[PDB]
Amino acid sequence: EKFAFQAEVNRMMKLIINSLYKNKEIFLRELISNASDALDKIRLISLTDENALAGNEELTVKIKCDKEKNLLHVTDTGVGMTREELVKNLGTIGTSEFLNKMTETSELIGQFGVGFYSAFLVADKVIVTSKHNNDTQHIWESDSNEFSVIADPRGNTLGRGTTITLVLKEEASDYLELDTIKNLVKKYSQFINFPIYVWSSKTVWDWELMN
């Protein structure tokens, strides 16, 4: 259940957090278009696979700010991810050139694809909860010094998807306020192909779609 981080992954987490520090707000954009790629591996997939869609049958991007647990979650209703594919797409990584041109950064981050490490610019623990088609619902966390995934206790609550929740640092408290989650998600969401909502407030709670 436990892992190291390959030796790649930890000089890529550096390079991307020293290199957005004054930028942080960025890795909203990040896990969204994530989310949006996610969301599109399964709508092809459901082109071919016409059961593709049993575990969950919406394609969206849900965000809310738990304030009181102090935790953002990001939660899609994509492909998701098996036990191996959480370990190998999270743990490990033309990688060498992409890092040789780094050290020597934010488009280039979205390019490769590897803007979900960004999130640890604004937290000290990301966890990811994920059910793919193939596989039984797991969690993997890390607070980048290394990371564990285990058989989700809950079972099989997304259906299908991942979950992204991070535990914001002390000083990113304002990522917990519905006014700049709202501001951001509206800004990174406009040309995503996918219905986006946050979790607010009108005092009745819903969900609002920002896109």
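Whichever C-alpha set is largest while still superposing within 1.5 Å between the two forms counts as the rigid core. Positions refer to the first chain, counted from 1. What changes on going to the form deposited in another entry:
- Put the two forms on the same core and the Cα of residue 187 is off by less than 2 Å between these two forms.
- Superposition on the rigid core between these two forms places the CA atom of residue 127 less than 2 Å from its counterpart.
- A displacement of less than 2 angstroms separates the C-alpha positions of residue 136 between these two forms, with the rigid core held in common.
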The other form holds:
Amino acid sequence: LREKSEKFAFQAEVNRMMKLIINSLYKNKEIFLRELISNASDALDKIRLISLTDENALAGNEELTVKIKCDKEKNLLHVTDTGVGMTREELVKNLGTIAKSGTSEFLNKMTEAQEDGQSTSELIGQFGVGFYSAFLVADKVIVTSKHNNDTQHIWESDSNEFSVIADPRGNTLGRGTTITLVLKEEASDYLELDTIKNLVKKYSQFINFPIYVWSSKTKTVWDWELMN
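For comparison with the form deposited in one PDB entry, kindly provide the form deposited in another entry.
The next block holds one chain only.
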């Protein structure tokens, strides 16, 4: 009938132990920006692949870029991509699932229910590290997104509760996603223009597309500087 085991499904809490060790993230909090950039690049690859067969895929927004803006006075970091974007359903379900993956009840049992066992595995294997590291540097994450198949919506969470609303400004993105982080007090430095510039350059290996930072050059003029 089958290949017999035992003890040892209980010894499956090496998984619990491994999840703890991925607390390499506390030691390397700046990885949140690497992940934001990498996920931005993925969302752009995804819409690009779609445009190969769908001539209307890029209609919402012609360009394929990542735009990062610090706002020191308001304590915000924004990372904006013109990639595939996310429907309301994806904001609710898949962020819901991703935020879940850093807990006790989610891991030790499910048990393969009711989503899509392998799809959940892939969702977390890709985005888990990014979501978790963002909440090591931010008290709130706001996700504004526009997918070709839906209207623009805004998801916000403090990691404990979330809400989603239709964006009352309508479609300002054209298509794509803005991730806005309200930074923790200790994460002050990510509001600095130099710091952000140097991190973007350090992680440009993880983008297949132009990445700009809103930056000043001397009145002093502000514009998008191309980082790669």
